[PDB]
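Chain by chain, the residues run as shown.
Protein chains: 2
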Amino acid sequence: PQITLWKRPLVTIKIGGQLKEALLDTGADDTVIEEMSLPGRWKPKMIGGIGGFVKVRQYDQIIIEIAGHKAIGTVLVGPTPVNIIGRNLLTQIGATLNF
Amino acid sequence: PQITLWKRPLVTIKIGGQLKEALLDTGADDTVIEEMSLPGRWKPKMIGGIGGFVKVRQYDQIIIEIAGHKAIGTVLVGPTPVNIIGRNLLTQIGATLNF
Ligand SMILES: CC(C)CN(C[C@@H](O)[C@H](Cc1ccccc1)NC(=O)O[C@H]1CCOC1)S(=O)(=O)c1ccc(N)cc1
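So the sequences go chain by chain: A and B.
Here the first sequence stands for residues 1 to 99, numbered as in the deposited numbering.
Here the second sequence stands for residues 1 to 99, numbered as in the deposited numbering.
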């Protein structure tokens, strides 16, 4: 698909058996999802943006289905106001910015 | 151009005659620039990011060149980890996300 940016680029994802809406965000280095349980080991991380930093849990080797495409990578879980698909997974689905 | 996302999508912008680096950010509704002098009056705006809400200065109808493409629109000035080009100006330069 070709997604225009007149509105927020929101897509459905499936993660841990759950359907969520997420923003495709080229300015996010990594994917961060609202609080949920994920399998496996995690370690703490701080991520920062407008308004400062938030503490998240970093899970590796997580599979997400993004607008029907599967990708695997690191997912950060924490108190984000919006689910964000970041570059670490956008690359895997072949997403590019074009102008 | 086509910009892939293996690295941060950093481009050169020109604003006030000065070259700056900025991040193309589909997850940002608005464009946010580090502190600098811009002409004209400003009005208050609250924007929310991952860490919370913050007050910034809104300048309307500012001329900015982004990776060689001319835009004229709203620029917010405030404490930002990086200059961010948001959807309000990505749409003016015709940017789309493709996968
Ligand atoms: C600020 C950029 C450099 C980094 N952020 C991504 C941005 O796309 C961010 C995404 C977002 C949208 C809505 C609410 C909360 C966050 N939009 C954003 O702040 O919009 C503001 C700036 C002007 O318009 C409004 S991030 O969320 O802090 C972040 C940082 C690290 C990772 N791993 C994940 C995300």
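One or more hints might be untrue.
Remember, identical chains collapse to one label, so a pair may be satisfied in a single copy or spanning two.
[Claimed, not checked] Restricting the straight-line Cα-Cα distance to at most 27 Å, the calculated cross-link-like pairs of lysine-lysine (DSSO-like) are:
| hint | residue 1 | residue 2 |
| --- | --- | --- |
| 1 | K43 | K7 |
| 2 | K55 | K45 |
| 3 | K7 | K45 |
| 4 | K43 | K20 |
Rather than coming from a laboratory, the hints here were simulated on the basis of the structure.
A quick look at each hint next to the structure:
1. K43 to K7: between (34 Å within a copy, 23 Å between copies)
2. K55 to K45: both (6 Å within a copy, 26 Å between copies)
3. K7 to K45: Intra 30 Å, inter 19 Å, cutoff 27 Å: inter-copy only.
4. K43 to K20: within (23 Å within a copy, 35 Å between copies)
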